[PDB]
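Next up: a single chain in structure tokens, the form deposited without this ligand.
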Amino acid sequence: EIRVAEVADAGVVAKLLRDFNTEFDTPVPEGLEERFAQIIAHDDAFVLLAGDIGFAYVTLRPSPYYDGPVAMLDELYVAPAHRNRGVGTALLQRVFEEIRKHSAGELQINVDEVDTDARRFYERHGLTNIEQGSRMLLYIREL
């Protein structure tokens, strides 16, 4: 079942993030558990856990467009063996429920263009890459 992670869940959340990066051949940094523990306790953010087979990491940040925050689904992951079983749907449905408690004006997610499975999942559940008749692109600089 889906539940809101507590500080003591930081080890499981960090373990899942490590599998996410390992699956996609991405090096992971040290101290994931200690940082998740501090984030879950203090920051304007939360983690949802689907047992220990999936998680969603959501951050909340201010916007002049709404009284509430803008939510960002920074990480959404379901373990490969438990995919295509409604877990991702349940996690995302709970994300919308939780951010609605904060009166979040909008949910945002960054997605790779080549991840067609994830894009179709998000489009099937009400998210769009289109604003004002244009695709939206994410630009970054790692520092």
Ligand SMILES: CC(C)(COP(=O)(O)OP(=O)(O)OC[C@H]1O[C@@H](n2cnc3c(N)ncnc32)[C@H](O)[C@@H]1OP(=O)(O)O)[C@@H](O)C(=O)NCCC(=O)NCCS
The other form holds:
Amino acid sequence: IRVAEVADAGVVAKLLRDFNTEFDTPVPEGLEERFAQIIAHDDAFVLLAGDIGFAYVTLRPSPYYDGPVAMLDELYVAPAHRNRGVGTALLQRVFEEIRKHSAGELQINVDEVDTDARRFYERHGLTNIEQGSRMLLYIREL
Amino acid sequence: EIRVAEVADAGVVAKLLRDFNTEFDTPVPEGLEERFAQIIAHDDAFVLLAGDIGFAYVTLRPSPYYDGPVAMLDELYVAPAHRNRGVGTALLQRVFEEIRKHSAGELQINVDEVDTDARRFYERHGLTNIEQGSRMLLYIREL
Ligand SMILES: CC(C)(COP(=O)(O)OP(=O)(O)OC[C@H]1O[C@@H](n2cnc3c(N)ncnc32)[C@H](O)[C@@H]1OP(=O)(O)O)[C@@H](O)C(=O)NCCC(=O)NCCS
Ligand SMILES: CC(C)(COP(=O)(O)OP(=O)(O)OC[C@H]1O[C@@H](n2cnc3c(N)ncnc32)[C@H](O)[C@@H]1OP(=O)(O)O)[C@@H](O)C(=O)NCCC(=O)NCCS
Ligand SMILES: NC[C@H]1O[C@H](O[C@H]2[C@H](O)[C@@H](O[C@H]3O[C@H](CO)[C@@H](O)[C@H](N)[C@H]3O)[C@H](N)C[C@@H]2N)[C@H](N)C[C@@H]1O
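Return the form solved in complex with this ligand of this protein as a structure block, the form deposited without this ligand having already been given.
Expanding to the full complex; the earlier chain stays at the top.
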């Protein structure tokens, strides 16, 4: 696993394209050019497991912590390479990398029906319960 | 009325967040004012203030899905004695207005399932918990 460089924007864009296609979710135009800009800056990073898996992490400020709040905005391993520990290794490296940023928390948006992903996340120390209540994510696309 | 907070307003914002956390029996971390002063001054974030009775804290972060950022309404609060009079609605409308200046492609809000009044508020104002026929859950690990 490596932190992506700007030179990796093309492979990151390919993997997100494959991800969204697999899940019948639209593929934005211009992914490679945006990833090249995003990777060049310090409020986000991408981890690559060779060319077959990736984690996209954003950082944003919080008044609760000197460091940022981290969000795992995308986690994906190519279908032929799943169930071999790649995703586990990616997530562990997420924690290691955000720790270098003194991140106070990791947050992940997860669809409720994705029970296999939820089992993976809960196995690795993420929780959806806060004081007996589930935490919900509400959005408005603009 | 509602204004974008300046660095000098950090103390007002910290007070409101303290009151917010005190209302819901949540620990109030130290250094709130000093951190809000830095966040307001330097970071990709902003605070909206309704007088000194309410605020919205919004962060902006990168997205490959569009040119602009994805916005997160990380805190929204109206003092108890001033609720149910449209202040919260006014703050949220101004949130949409300000993030539109940043060409934000999406607004996201984390809401506890048991906060039914807050959920009805967000749902009444164009936010949805449903994506592809499924609820969206927020998973965390505190570090
Ligand atoms: C979820 C995912 C990143 C995990 O990576 P991985 O390399 O397959 O995971 P690991 O080998 O380290 O651990 C296996 C766990 O991953 C989960 N998993 C495996 N395949 C999965 C799949 N198609 N979809 C969802 N979860 C899967 C399971 O929980 C599995 O645990 P199990 O042994 O109890 O069945 C990967 O499977 C994937 O990309 N799935 C589809 C996209 C997705 O769900 N991303 C989650 C972001 S919200
Ligand atoms: C949620 C909140 C920001 C809305 O501000 P507001 O000025 O009361 O809202 P408005 O007057 O514009 O609209 C009224 C709606 O606000 C909601 N509301 C009122 N009091 C509320 C309360 N204690 N908690 C949650 N929502 C409340 C209700 O949905 C109400 O609609 P209703 O008349 O059908 O019951 C404010 O009530 C509040 O600070 N609540 C406690 C903190 C909170 O829950 N924040 C939500 C972030 S997840
Ligand atoms: N079912 C798995 C999904 O994983 C990823 O979404 C990741 C997105 O972060 C989550 O979606 C959120 O993030 C994306 C991108 O910002 C927005 O398009 C979307 N409206 C917003 O809800 C999303 N709800 C879960 C996942 N963590 C894939 N991009 C799509 C795939 O369907």
